[PDB]
Structure formats: structure tokens, C-alpha cells
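Asks: Take a look at the letters that make up each chain.
2 protein chains.
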Amino acid sequence: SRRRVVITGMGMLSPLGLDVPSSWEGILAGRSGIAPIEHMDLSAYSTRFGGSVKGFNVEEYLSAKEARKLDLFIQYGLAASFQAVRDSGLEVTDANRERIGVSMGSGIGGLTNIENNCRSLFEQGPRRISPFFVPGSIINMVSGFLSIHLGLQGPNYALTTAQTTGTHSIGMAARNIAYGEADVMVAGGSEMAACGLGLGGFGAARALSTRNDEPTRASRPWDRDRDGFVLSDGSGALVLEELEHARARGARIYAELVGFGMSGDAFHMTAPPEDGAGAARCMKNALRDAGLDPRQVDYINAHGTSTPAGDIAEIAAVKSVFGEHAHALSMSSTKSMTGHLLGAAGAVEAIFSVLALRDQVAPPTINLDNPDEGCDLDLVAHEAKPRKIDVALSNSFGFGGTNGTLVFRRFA
Amino acid sequence: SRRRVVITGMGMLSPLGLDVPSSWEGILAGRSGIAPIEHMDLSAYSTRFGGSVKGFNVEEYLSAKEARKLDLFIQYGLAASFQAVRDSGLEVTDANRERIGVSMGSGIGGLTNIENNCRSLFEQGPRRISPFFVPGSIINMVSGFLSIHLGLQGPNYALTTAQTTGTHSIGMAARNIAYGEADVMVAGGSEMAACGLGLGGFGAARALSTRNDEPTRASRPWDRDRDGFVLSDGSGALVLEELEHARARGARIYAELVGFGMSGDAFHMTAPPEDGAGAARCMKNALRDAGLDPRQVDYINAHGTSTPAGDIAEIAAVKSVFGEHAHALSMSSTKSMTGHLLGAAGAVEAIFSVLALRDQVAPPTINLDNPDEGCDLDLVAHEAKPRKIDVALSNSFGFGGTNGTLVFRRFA
Ligand SMILES: COC(=O)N1CCN(c2ccc(F)cc2)CC1
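Chains G and D are the protein sequences, given in the same order.
Going from the first sequence to the UniProt record's numbering is simple: count from 1 and add 1.
Going from the second sequence to the UniProt record's numbering is simple: count from 1 and add 1.
Just chain G, with the same shape it has in the complex:
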């Protein structure tokens, strides 16, 4: 029957730091990781900024020889995965390697790589495509390369569900453990979509903030002056472990994963419904899955992308699910500070949610200077809010009307 699942390891690259502690410090200090982009010439683009991972040294993890063959999203994926596994203290052996799997996902995967090889193809010809183009770019090779480097012979897969990838990856890996297909899973996501095709593609859709003259103030979830999301790079990985397995080896347990919801909206290709019906359905599924009174929820880490329609849908969804308790809980968007890591968003935000539970503090929504009409909940404007948090929830929504919710609680 269904086993319990706990978090024993976390690892991260974000626009706020090259690990979990440095990233978390920036979160609690209300620091922005958003800055004009330096690694390409964007003068022709309507958005010229984002959340870059600054000063990443892949040779803390991999040989220059392997690193050259791999897209940054894979580099980032492996880095966060390696941190998470080291943080777990788990030893892989012949006795358990078949019970340890990996589900690290991406929205877009190796876009930089695909663009460069496409440029080689069109400017030169097919003879200049890297032999490493396919295994160095396709989304499933975070899971692939992690398994090859650590000897993980458990279930090995990747989700790709756009901005919901990291939440779904973590949720489905928990179900793997819950139902006994594995005892340990490394799960999360990674993204590096900051190339011509990425900023150009989101810019053509007019989805991005164009606040080029003040990048740190661009991402302003629930602010009346918000004008689209801010594109950010990075990775989140968690070690999910069956509870008896973690007890047996004396693992440090961060939190328990008690709840997971997915629901399709079936509303629109890219627009979330104004009334927040898909988020509501998803959160209700997750709270029922967790066997909770919705009044037990202390903290929500919102999707909070800084889009006009996305942000207000989330208020509606929370007011609908929590009724008067919507005024008691605290909800914030860490995207105020990190921007939108797309398929990695759920993964870093799952980690921030778990740390909200460890340290008993609601991360702020920075830049929330003029809350929009109906944005009247405790959104932890401007400053971190110490408070009791027994149950934390992390929401994600994506293109295709895809929804995910994760429910974490403090573990005794």
C-alpha cells in the first residue's frame, strides 16, 4: 500500500546563488537576481534582461571534456542533482542502485545547443553538426547523464510540461516511491532558454516584461504595473525517499511530501482562466490527496509569474479554495526575486517551500508597491515574514492548461 515520502536532499542553481544556502539568503533578504543579459547582443530584442546564473563553474562538477558536449540546461541539471545527492548523504551500492531513479525535467531543454547546431546547418551544412548535438541537447539526458555518473538503475525519465515541469517531476517521482516502483528518486528540473530563439520566441508572443531600464523591478507579481514574466535560468533537485528507508539510514529529513495534484484546465493553449478554476481544481486534488483540512495551509508559494491574467487567476483560485482562511495563510511569489525559471520554476520553488517550513518564514513578494484590484490577501509585500508554517503548498501552471500542486508539512 501507499508509502510516505520525505525530502532528504536539495540542490540548486538560481539567479540568486550557485547553491541552496546562498539562493535562500537572497530570498530572505529580498534581493533580485535580474540584470541585463551579458552573454549575447540583444539590441534587436524588446527584452534585454533576465535571471542569469552568474559565475557558474561546471568544472566544480564535470571535466571540461564532458561539459563541452552538454547544453547549459544539462550542466545546470547535473549540478543541482549532484548537490541534492551529496546533501542527502545517500550511498549508492549494488544493494540499492536498482531502487534509485531520476526524473529531472525541462520546458524547452537544449535551446542554445539546438540554435547553434541549426546555425551550423544553415551557414555551413550538415557536415558541421556536432555528433554530440542529440545526446547533448534532448530533455531526458539530465536523467540519463545523472544515472550514468552515479549508477542509478531505478526508473529513469523526464517530464516536459512547460512552466509546470518541476512540480510534476517532483509529484510523479513521489508517486513512484509511494507505490513502490522506487525507494529514492532525484527529481526537479532545469532550464536555460536565454538564447535568440528563447527571448525572441517569448518576445514574439509579447509574454515578457519590457522593463529594460529597471530589470530588478520588472517582476512585480500582483502589482498593477506588471507587464509580463522575466525569463530566468537554473535548476532545482530534491532527493525524495520512502520514510522507513530514510529512518533506517538515519537521514536528516527536511519535510514530508503529503500531497500532489495535477489537473488540466482544458481552457486555453496559453491563457489561464480568470476565475482560477484549474488552479482551484488542482489545489483541491492535492489537499484531498494530503488528507488535510484546507485551514491547515499556512503558506503558499504562488506560481506568481507577473502576468496580468496569471496573477489575478491565482488570487481567485486561493479565495475559492480557502474561503475566509484565504485571509489567514501567507502567499508570496519568489519569482519577484528569481524571475521565471520555466520548467525549473516548480523545482526551485518546492525547495523554497521546504525551507519556509525549516526556518518558519514566508518569503516576500518584492516590488508589490500597488497591489492590483482584488489582490487583498497577505502577499508578504516587500519583507520576509517570520510565522508559523506547518503546511506549505507550491503551485505551478503552464501552457496547455497544465496545473500542479505540491503539499509539504513539517515532519516529527
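Treat each hint with caution, since some may be false.
[Said to hold, decoys possible] Far from chain G, some chain D residues (derived; all Cβ distances over 12 Å): (1) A30; (2) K55; (3) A65; (4) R87; (5) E124; (6) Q154; (7) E215; (8) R218; (9) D226; (10) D294; (11) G344; (12) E374; (13) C376; (14) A382; (15) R388; (16) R410.
[As the list claims (entries may be wrong)] Covered, in the sense of this in silico footprint (three residues per stretch, anywhere, with C-beta under 8 Å from a C-beta of chain G), are these stretches of chain D: (17) 204-214; (18) 351-357.
Just so you know, the hints here were simulated from the structure itself, not pulled from any lab data.
The beta carbon of each residue, even a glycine, is placed where N, CA and C say it ideally should be.
Given chain G, put chain D with the ligand in place with the hints provided.
Replies: Relative to the frame of chain G, chain D with the ligand by itself:
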């Protein structure tokens, strides 16, 4: 315990036909779908042939306007998905729509969209990138578009596990139903990579047959003259359904999905281990999952890609798992006729495994003129073999060393 899952609907686009019955006629006739690729300059490429979908009319499924927003791989996915639902006779209602979900995947995704948008970026600049570039290319849009068109509000996601995508998608969708997260799932995969980036990318790794003079003979799994796989396009979708739900509405049941195995090789980025250790573990996991002894297996639809290392590893795996039963079961590669649909291979081969059960016939491995060293199993060379089939296995092995097996059983 656990609910039983049956197949009540199938849908397909392949190099052999625009639906299942046409495709299946081709399979049982030993027809090749492989031909020089038309409407494209492949002069500079070392491979100029593959399995294209011939004569596909997207306007049977979508408005010209909706189709123009979507990569071919998405059009192919929706085509198979729409056929499979229609085939099932399922009616979506306000009463069941939250119990019906989708997991349609892709290994490689939107190469044709990448090519066309890159063409515009490089020649004209980012202002010529399509506004639909991102939502029209992301792998989860077959799941998203299907769920929005039909009002499906169950689990909405997509897997990307390279050449294992179709097998994993179907398997994990079956788990969703077995553990009561959904009553119905549309699952499978789609792919359109037989284009410049795909031929180039796989060509660069010398993964492709270069037998340009005899395209129909290029795919020759376990033949001593094989020289790599044949790149092919298309899609498979199954309607998976809890048995009591299928019986209550009077559904036509093709077969029962009894077993799903996963494993990672944790061996190499592209090369299988020579003994097929990972494929062996995966097939053993899937048989344990089904509660079946290896001796009950009558037919295996092999991965059988026509690569030197791949075909031989699968012989090793089968001999290892099946011992003295390895020569009694019939094992064939339909890739001998279809080529390799990458992430859709496991979807179309799951359908061929099911129809092997309905029609009591092992599809041929065509082109097996000179079995290689060790290749002494019943590989159904040249001609379809009528025989007893109670239990069918479908295998998929992909980059990252990611493995999937599905076990289907006759239902009566
Ligand atoms: C070899 O190519 C790949 O593996 N691909 C194909 C392109 N894909 C994609 C996804 C989202 C998007 F907005 C733009 C492109 C996913 C990665």
C-alpha cells in the same frame, strides 16, 4: 490492490498508413514505408531516405488556422489521439471529464518549427519569429491541445524519454489508472524528425543507415549487413481505460495492459551494454509487475533498431531473461518496415503488439537475409507467422540508457 487497465481505442500515423488498419495491413504484408525524402535538398547529407507520413491531411482534424500554429509532431499526435478516442466510442461528460487525462510525448519535439524560426532569426532577425513558436513547439501541447479540444481535466502531462517516450507514456498512464488517479488516459507519442536537423543530428553521430541505393533494405535488424537505424515520422495513441468503466459502457476491448517495466542502464549516453543487462532488468521488472513467469511470453516486438550494438544487446537480454524459453517465443522488429519513429516507436509498436494478440500473428522482421553471430532466435524473418499469442511484450531502449517494457495479455 490495484485496478486493471484495458485498451479500448487506438490511433496511428506511420510510414505505412494514415490509420491503424492501413498501417497493420502493411505490417502483415511485409511492406516497407521507407523512401527518399521529398520536397527537401538532402544533397549534402549522408542519408537521403526515411519513413515519411504520406498524404496526411491535418484539416480532417483541425482548422487550417489552428494547424498553422502547431509543429507537424503536434499535428501527428492530435491525429492519432483523435482517432484513438473516436475508435474507443468514449463520451466525455460533466460527470467523467475530471477522470479523463492525457500523456502524449515526444523524444525530439519540434525540429521543423526550430528550422523555420531559425531561418527567420538568422536571415531577418527576431522580429520574424512566429508568436506561436513556443506554444506551437513545446512537447506537452499534444496533451494540452487534446485536453482543451475535448474538455479533459484529468492528469495532463507529457514524457520525453528519447526513443523510450511512447512506451513510458503508455506505461505511466496505465499506472495513473491502476492507482485510481484517472479512469481513462490517452497515451502514446509523436515525432517528426525526418528533416534537416534530424537527418543531420543523427547522421553526425553516424547513427543512421547510409544505404541510399536501396532505402527499403536499409532497416535490417539482426542482419549482418545492418549499418544503423532509419529515421521515421508519425504517431501512436491508445485509449487506456479501467476495466469496470470499459465493461459498464459496453466498450470493445482489444487487450489488457498487465505489466510495465522501467530500468536505467546507467551505462553510456547512446550505447547499450553488450549483455543487454538494462533491457533484461526492465523486462524482468515488467513480468514481475504482471505476475507472469517468462515462459508465458509468446511474442516480443523488439526495439530492433538495425544498429550493430542495439540488435545484439537485445538478443543477449532475451536469452538472459527467457533461458530455455528464448527460442519458443517469436521476436520481430516492425522497424524493419516502419523505421524508427523515435519517441513514437513505442506507441505504434504497443498497437502492433495489441493487434498481434487480436489476430494471432507475429509480424515479420523483413530484410533478415543473413542473421548475424548469435542471432539464432525465432526472429520471424521475411514473412508474418500465424501462431498462439496470449502474452505480448513491447520493448523500447533510448539514449541515457532509459528502458521501457509493456506486457499485454489477451482479454476474454
Ligand atoms: C533536438 O531538439 C529537441 O530536443 N527539442 C526540440 C524543440 N523543443 C522546444 C520546446 C519548447 C520550445 F518553446 C521550443 C522548442 C524541445 C527540445
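Asks: State for each hint whether it applies.
Replies: Comparing the hints with the structure gives:
1. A30: 32 Å, holds
2. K55: 24 Å, holds
3. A65: 16 Å, holds
4. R87: Nearest chain G Cβ is 18 Å from D/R87, so the label holds.
5. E124: 8 Å, violated
6. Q154: 5 Å, violated
7. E215: Correct as stated: the minimum Cβ-Cβ distance to chain G is 22 Å, above 12 Å.
8. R218: 23 Å, holds
9. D226: D/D226 clear of chain G: closest Cβ-Cβ about 23 Å, beyond 12 Å.
10. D294: At roughly 20 Å from the nearest Cβ of chain G, D/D294 sits farther out than 12 Å, so the non-interface label holds.
11. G344: 9 Å, violated
12. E374: 27 Å, holds
13. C376: Holds, because the least Cβ-Cβ distance between D/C376 and chain G comes to about 26 Å, which exceeds 12 Å.
14. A382: 31 Å, holds
15. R388: 32 Å, holds
16. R410: 20 Å, holds
17. 204-214: holds (count 5)
18. 351-357: violated (count 0)
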